[PDB]
Amino acid sequence: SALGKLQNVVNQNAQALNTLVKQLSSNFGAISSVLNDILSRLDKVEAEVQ
Amino acid sequence: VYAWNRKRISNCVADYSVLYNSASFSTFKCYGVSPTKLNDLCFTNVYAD
Amino acid sequence: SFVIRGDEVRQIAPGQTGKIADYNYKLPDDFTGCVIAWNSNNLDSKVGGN
Amino acid sequence: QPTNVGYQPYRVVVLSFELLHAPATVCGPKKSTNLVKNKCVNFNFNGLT
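Taken in order, these protein sequences are the chains called A, B, C and D. Quick note: to get the UniProt record's numbering, add 942 to the position in the first sequence (first position is 1). Quick note: to get the UniProt record's numbering, add 349 to the position in the second sequence (first position is 1). Quick note: to get the UniProt record's numbering, add 398 to the position in the third sequence (first position is 1). Going letter by letter, the fourth sequence gives residues 498 to 501, 503 to 547 in the UniProt record's numbering.
Think of the hints as simulated: they come from the structure by calculation, not from any bench. Built from N, CA and C at the ideal position, the CB exists for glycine as well. Keep in mind that a hint or two might mislead.
Stated by the list, open to error - Keeping only pairs whose Cα atoms sit at most 27 Å apart, straight-line, the calculated DSSO-like set for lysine-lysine is:
#, chain 1, residue 1, chain 2, residue 2
1, B, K378, C, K424
2, C, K417, C, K444
3, B, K386, C, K424
4, D, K528, B, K356
5, B, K386, D, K528
6, D, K528, C, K417
7, D, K537, C, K417
8, A, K986, D, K528
9, A, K986, C, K417
10, B, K356, B, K378
11, B, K356, A, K986
12, B, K386, C, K417
13, B, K356, B, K386
14, D, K528, B, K378
15, A, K986, B, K386
16, B, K378, C, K417
17, C, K424, D, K528
18, D, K529, A, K986
19, B, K386, D, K529
20, A, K986, C, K424
As the list claims (entries may be wrong) - Okay, the calculated beta carbon distance ranges per label pair:
#, chain 1, residue 1, chain 2, residue 2, range
21, D, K535, C, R403, 22 to 28 Å
22, C, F400, A, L966, 44 to 50 Å
23, C, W436, D, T500, 17 to 23 Å
24, C, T430, B, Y380, 28 to 34 Å
This is chain A alone, in the form it adopts within the complex:
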């Protein structure tokens, strides 16, 4: 428990990378968060809007 200063330098990078990775799952107002769904379901003129 003395080394908490060094273990926090590990933990803050683990939180930051996991948060940045998890944000790939968010919709942001699109029909899907998986880009290949948009490309397979929508034709080019509509797909750009998503």
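Put chains B, C and D on the given structure of chain A with help from the hints.
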């Protein structure tokens, strides 16, 4: 429309281009799929109301 | 310039599909211009069937 | 009556598509082709491109 009819459709090939290229329809508005793409996909069920 | 069936006039735009847009004529999807049309049943139609 | 225009009878069909996590059951007419393991390719499984 007091008592509209639902047909479940399942377990087959289908061709939507045959419908979409028919002159019979005054509208063919597809919402979450573009009418061109339907022939490239497969679905767990289809319901025709 | 061309003559075409009145219900098919919708096919004369960027992003369109159907027999006229597929086999007869086709605009590019970033087209920069104007589309103009008029009913010509008073001139292009026959006495029985042109 | 057949003499009526927004007051004429019109027919309607609504197609509702299901994209559940289960194996699919209604497919477009797009033909399958043979699997090739351990090589770089584009792919499509059931509509998952």
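>> For each hint given before, does the structure comply? Return the numbers of the non-compliant ones in rising order.
In response: 7, 11, 21 and 23
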